[PDB]
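Given next, in structure tokens, is a single chain: the form solved without the ligand.
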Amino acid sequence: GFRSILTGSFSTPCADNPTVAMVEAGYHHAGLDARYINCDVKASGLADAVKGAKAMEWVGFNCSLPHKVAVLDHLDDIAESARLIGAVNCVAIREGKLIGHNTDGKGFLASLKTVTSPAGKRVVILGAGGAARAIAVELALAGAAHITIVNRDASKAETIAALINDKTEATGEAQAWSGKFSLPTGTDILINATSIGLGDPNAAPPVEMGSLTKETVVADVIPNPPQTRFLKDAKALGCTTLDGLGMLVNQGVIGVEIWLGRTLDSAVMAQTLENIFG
């Protein structure tokens, strides 16, 4: 009757986060009586919000800024990649138990898998943020051979490289970013994890685009515009490209799979984000 399945999000601020619209578009397309509740939860409210979703019998929730690290204190179980990353953005509630997952690198991995396998690949990640850390871990756990993290502050890249070497079978390497980064020979996958190009069709991270082969898979975490200058330049060179909007859609699909055992429709989720972004 009138009891919808409850999911949602804890973050602050939350007003500009379109995940609610994306995920509910998926729910509606599937004919699933489920809701996503986008909550503005302050740091001092996180513990009570987590206990609140349990008491209200939600089946899952996301955590965004500034809760991804702090939430680990309130969980019963932490999945492998979340353990290594040290952050959780997707919590499942299973018979009162709170199970933390990290999917910030999994949207990218799902996009990647549509074109090639990560196993044995040599990868370059531009930038050393939260996105870069999760992407590096997921690639390493998925069998990548070599991961180079490129950052102006090389010590931040070195933190991720050290994580990869210490906790995975993959080799991690850090490189300081100075001028147009030239991809080392044999690079299979290039990923932008910077915000250069976010909301700016004319901005691109400083990469020597001529260092790409036509075989190099080029990906960008930026979801808006989904066709960034970086990706447009790569595609013009003949490269297979993966956009950040698709990755966000994949992350929502994976999360709802974790929560409810349903695979939502990617097309309607994507179109919802395209409409929101204009």
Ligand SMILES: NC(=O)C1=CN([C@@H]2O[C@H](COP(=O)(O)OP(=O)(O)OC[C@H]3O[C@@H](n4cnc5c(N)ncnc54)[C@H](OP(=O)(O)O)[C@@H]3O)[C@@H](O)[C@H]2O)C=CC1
The other form holds:
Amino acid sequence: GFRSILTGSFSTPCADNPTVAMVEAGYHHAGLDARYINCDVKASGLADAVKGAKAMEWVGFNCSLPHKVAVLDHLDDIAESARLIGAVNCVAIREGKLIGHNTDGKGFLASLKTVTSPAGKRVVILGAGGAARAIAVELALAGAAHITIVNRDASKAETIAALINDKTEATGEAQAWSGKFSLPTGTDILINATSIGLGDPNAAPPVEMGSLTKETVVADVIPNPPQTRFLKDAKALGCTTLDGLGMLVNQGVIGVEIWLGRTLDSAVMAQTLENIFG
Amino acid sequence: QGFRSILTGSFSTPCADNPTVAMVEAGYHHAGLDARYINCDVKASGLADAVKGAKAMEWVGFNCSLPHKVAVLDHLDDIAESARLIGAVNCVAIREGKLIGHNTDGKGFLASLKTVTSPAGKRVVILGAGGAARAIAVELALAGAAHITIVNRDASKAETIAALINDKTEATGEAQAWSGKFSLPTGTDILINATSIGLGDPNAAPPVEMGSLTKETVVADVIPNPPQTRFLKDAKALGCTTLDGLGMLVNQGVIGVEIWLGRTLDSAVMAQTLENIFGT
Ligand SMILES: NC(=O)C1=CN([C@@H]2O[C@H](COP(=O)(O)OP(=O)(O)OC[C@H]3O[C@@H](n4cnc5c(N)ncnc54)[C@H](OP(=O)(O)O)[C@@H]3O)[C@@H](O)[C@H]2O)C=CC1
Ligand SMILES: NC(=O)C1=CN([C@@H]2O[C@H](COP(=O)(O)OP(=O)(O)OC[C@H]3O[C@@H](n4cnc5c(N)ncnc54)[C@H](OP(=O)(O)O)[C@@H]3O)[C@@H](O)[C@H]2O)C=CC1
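Starting from the form solved without the ligand shown above, please give the structure in the form solved in complex with the ligand.
Every component of the complex follows; first up is the chain already shown.
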């Protein structure tokens, strides 16, 4: 049987997106006859690419820049977390119908779940972009007690906190970011969701790191380098840390679970990313 | 370095038994080409969106098999000469958004033929009058064949192809009935089986007086599996130079990728891959 289960990605540009290599290393290890097709899709082409995937009987696809908001017009249904975030980067094709999911905060959550439960937790998020918004939503849905969004543009922080308060069980709070700030002593989870440190081992987010102890799980969305200055400082302060490489891998695992109903191995996929980055 | 592969593929239904993916990708891999061939099961309701899908996904080309060879024509911008005469397309190149229809069904044969002899100015007999016989007649005519005789059980099917060759090409076309055991007309340079006789059957043979062939008659067979049909085993036993349908399929895959990429894959790699698959 020469038919492979078909998955893929629509984005532009797509050449720097390593998802194909890690997902296919997952497929191979799991002995699944399935493929991940990395497509360069322009904004003008999205509608036809989506229809393509349905006609070619794909079971799902990812969507990256610039298609995350644009894709919503093509959906027949949408997951709660996806809808709250306002963006979709993982579409399932179920019985010819398109269902939108967001995994940008789900990757973080599964990494988080290896070390602690989000339920009842006090969370500080640095950043108020797409990633921060996604992480805040998934945290709140999973039972987090209190989420603080810290951002230079306070109005962006205000938007996320209001979302958290209005639409979830969690308490959301916005904080204007000006200089280093001290963490509340009761902070369980501190997440960098800014672009600080992206391809830059020396740049650290302005937070008072002495207000940070081993009682706080420190996380960073930066995929490469995975060992950011932020995580390296937190580690030396005794904190458990989680990195953006592990998070990115988990987006791939969650995606394939949504598409195929099968759980690929994160360890294998993380080593593929390690290979590519290294 | 990096993660955008060249995308090619196939639209057909059903697609599970089509080994083109494995053959072509063995060529891609061996050449060091970051190119992929995506075997898609595409229902007739999905053909239009699949074609526009390949364009939007920025594929460089795709094959079409049953049941899309004729239906695809309506979704094309331009067509190559043989595909125009055949009225069917199995190989589409996407060039800066432009869809160009080609037919390679008889071009695999022609490539295989050319390793042993020129088609030009030659007298040819084709057994059968289906899709394969029609494609092979057209390619032969366009590559300079003098005379093409189409032999079929249903003589009116043979007539259709003869008239296509006579009216729309520079070659002379003749139709003949298949009266029991066929005797090869004197002076025939090339004899081709284009019937389905011998498909997955190493024992069934076209009803032909094999004694009518000369040692110099080139004898060819479309059947990909088994490559050595009874027909070709018997012709070889007489001393005839023979050409098998497995080599023809390899050549179709080579030609198709030349259409798409301007690159020639290793025919030996591809042949071995097919031989490994069919030997099961
Ligand atoms: N590992 C994973 O699974 C994932 C990782 N990511 C990564 O997350 C990062 C953020 O993504 P995304 O939300 O799309 O980015 P956006 O451009 O949407 O937002 C970036 C955020 O970073 C803040 N920021 C940037 N520079 C500074 C600075 N010097 N000081 C304080 N704040 C700063 C911005 O603040 P302001 O609002 O004031 O401009 C903004 O809130 C990216 O690097 C991306 O690679 C994303 C998704 C998943
Ligand atoms: N190697 C390659 O590259 C290619 C190989 N092929 C192969 O060629 C073969 C034919 O394909 P296609 O033309 O599409 O098939 P069709 O069904 O279109 O045509 C079948 C032809 O075979 C004749 N035929 C079948 N059985 C007999 C018999 N017992 N006695 C006399 N004549 C017979 C039919 O005669 P009638 O008209 O009287 O029914 C008809 O002319 C297939 O097996 C296919 O796999 C095809 C394309 C390419």
